[PDB]
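Could you have a look at this structure, given as structure tokens, before my questions?
Only one protein chain is missing from this complex, and each of the others stays in its spot.
Chain IDs A, B and C follow the sequence of writing; residue 1 opens each chain.
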Amino acid sequence: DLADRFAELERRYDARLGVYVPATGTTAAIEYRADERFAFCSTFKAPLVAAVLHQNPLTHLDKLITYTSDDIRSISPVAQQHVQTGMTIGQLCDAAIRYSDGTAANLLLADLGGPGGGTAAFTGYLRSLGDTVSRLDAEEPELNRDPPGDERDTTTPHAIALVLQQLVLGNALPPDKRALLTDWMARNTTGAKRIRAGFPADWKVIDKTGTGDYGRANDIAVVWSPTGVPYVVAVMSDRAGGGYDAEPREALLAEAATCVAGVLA
Amino acid sequence: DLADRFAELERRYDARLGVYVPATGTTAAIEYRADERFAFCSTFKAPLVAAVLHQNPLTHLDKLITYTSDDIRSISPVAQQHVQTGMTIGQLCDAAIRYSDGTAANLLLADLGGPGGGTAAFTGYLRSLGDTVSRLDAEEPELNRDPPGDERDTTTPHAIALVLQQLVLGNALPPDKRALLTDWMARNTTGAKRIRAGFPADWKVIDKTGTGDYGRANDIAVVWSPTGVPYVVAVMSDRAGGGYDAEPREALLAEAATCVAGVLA
Amino acid sequence: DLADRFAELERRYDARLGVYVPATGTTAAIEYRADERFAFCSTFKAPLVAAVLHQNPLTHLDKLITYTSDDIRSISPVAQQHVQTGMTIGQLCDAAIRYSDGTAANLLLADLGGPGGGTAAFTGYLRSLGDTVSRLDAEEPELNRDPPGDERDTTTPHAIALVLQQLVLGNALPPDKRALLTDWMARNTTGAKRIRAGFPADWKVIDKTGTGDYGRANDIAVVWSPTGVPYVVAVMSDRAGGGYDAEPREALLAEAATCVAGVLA
Partner (left out) sequence: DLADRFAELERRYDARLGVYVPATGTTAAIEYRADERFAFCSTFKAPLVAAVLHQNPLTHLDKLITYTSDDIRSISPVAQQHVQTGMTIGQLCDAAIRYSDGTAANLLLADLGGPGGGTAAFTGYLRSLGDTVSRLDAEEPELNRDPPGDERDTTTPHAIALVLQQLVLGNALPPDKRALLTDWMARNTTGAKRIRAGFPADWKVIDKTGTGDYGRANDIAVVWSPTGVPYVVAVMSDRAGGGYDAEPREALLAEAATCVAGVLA
């Protein structure tokens, strides 16, 4: 039983492990705490980019957005260097996926537009992909700091997985819009020590990481087999027992992913 | 129930798969066809270099060995380039391991001395290491093409996995010699597509490959988890039903090594 | 007349090129715009680490440095994943060289201590080595975006080439420290397409890269002949005529290197 190994890593790293791999024609689904709620954290920036892509035509990307020093609130390695010049919507998609830029996310959220920075617009977009569970209620960085047991800004390894299956493998976007999102994820720069570290090198890995308080660490990915077969992997985790300032354990995610690789090989 | 996945691979590739992973304090031993005989092929060169190292003072490595054109009877990518200069026992060790050089292995066997070019001497070194089943009856390239069912030049995944363990991890050698074999194997250039390919890149892998007729392909290795725990992995396979000319499938080996990796995480 | 090839590359890549290789015993010094000023960019992180190493005992490298979100001001691939846990002075040295992490270089500059985040100190360390020309007046990322003609945050291929010769080949650091700096520069991950790409593979190359705006692209390195002769190579280029957003051209650097390689053979 793969679940015993998934229940060993929890004890080993003292964490709560969630895993979900959508079943294919050739393989059953992998499930561990799949329908338990975990905090999005930064992983919501994947479906956030595809939202803006879906409501707006390709030219919307060349729209410039200006901002000030007060708009920078979370880790923003790209946004802090363009406060004077401003950024085009496309650049904020690149910053938000590849570098998990917090400000670009809050901006892309306002670009969706609506109540409370268009968080509701975002959940809305998740409801037209058939996901009725997930929700987003705060912005960066408060969405990372909700206490355990609270359902705000939460998702489930089961529900995000399917979302990413629809977005990268399905027909949620047109191909030329699907091309941009995939590339941004294939060039993500924050997922080296996670899912990307547990799959052999001759597997392809696109991903979007998520980190937060209470030892939260997420990586959602689409990996390709050396023969070209695609699968979707969702790994979410937190260490609430350790409290607010518990340390997130990346190795847990990399070790988990290796277990998935073994069954997927 | 990792045996089901191994039995699925055998079907997928039209091959017979044999795997052994010695037990560790934390984990149980993995066994598929562990006590069946497969052909040594060029995996006998790892303990061959051990035997040479074992019976000689370190100074012997500088002893120059000269040979003639009629000695190059198989592929010898290195020895073929030194027929006029000659080679030292060390350079023959390096080539026999790192480039699986055929001529190197026969000269080493000769340096062991005794009946039949030192095949008997080699087998006695394995008996002294406790190996009760393995046997080397011929030289390169004959030892690669024995017909199926013939027990000559065969070992078992269980037997060789335990020899490798003692040579690298145990005390069969002193540290100053053991450190040479480990290096040579650490820098093998013929197994990028086998065990190396099924294990993530943060796992250290040292190996010696073997390939022969009847679609034979083996690889024996020591692997170090990212945390530092060492494991020994014997993977051997043949496709003797397809006949003499059958094609080895390196992907089988890699895929089994990826299966072993999930179980070992 | 190697200065005819360098000039032809300048014409071809629409760039200004600077090249210095100190003279060895066997060979003369290679010079092109050698005494002209080029922006440091990230190449300052190599002597910076040597600065921290020099002023502190080896166990100072285990000091834990904690930072916040506001401290992530440029791309910081490592620092951004450790905001919770904090980084050691050893880890910061690692990431400033190998991933050219920006937050790590800024922190280290502070650990040097002194006026304006320790840039006066970094400079003073260069003055103690003999460099009377270089200067460091800003932090990351402001030090990459100085307008052409300005002398703030600049060195010269001549000047930097001699600093790197002392730090690595000379005795500006005791062997135990020196070997750490040498090892970090040997495992660089940002210089695959620059000097490394311009030398044959059987030459060992350690290096630190530099990139900025105005198509700035530098790379400083020590290289070892196959026989073991060390040379220091300082290559720097910009394209400030094409303005702030001009694209750097790595292949200019990989080609210059290929020219220096032939002359040194």
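By our rule, contacts are C-beta pairs under 8 Å (C-beta built on N, C-alpha and C of every residue); 3 or more make two chains touch, one makes a residue touch a chain.
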Contact list for the unshown chain, restricted to visible chains: B, C
Selected residue (touches chain absent from view) among C:86, C:200 or C:241: C:200
Touch criterion as defined above, residue of B:42, B:43 or B:76 at the omitted chain: B:76
Candidate in contact with the missing chain, chosen from B:59, B:84 or B:171: B:84
Absent-chain interface as seen on subunit B, which is shown: 69-70, 72-77, 80-81, 83-85, 102, 141
Subunit C residues touching the omitted chain (full complex): 1, 5, 197-202, 226-227, 251, 254-255, 258-263, 265
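Simple rule for what comes next: only the chains that are shown with their structure count from here on.
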Shared-contact residues (touching 2 or more other chains) in subunit A: none
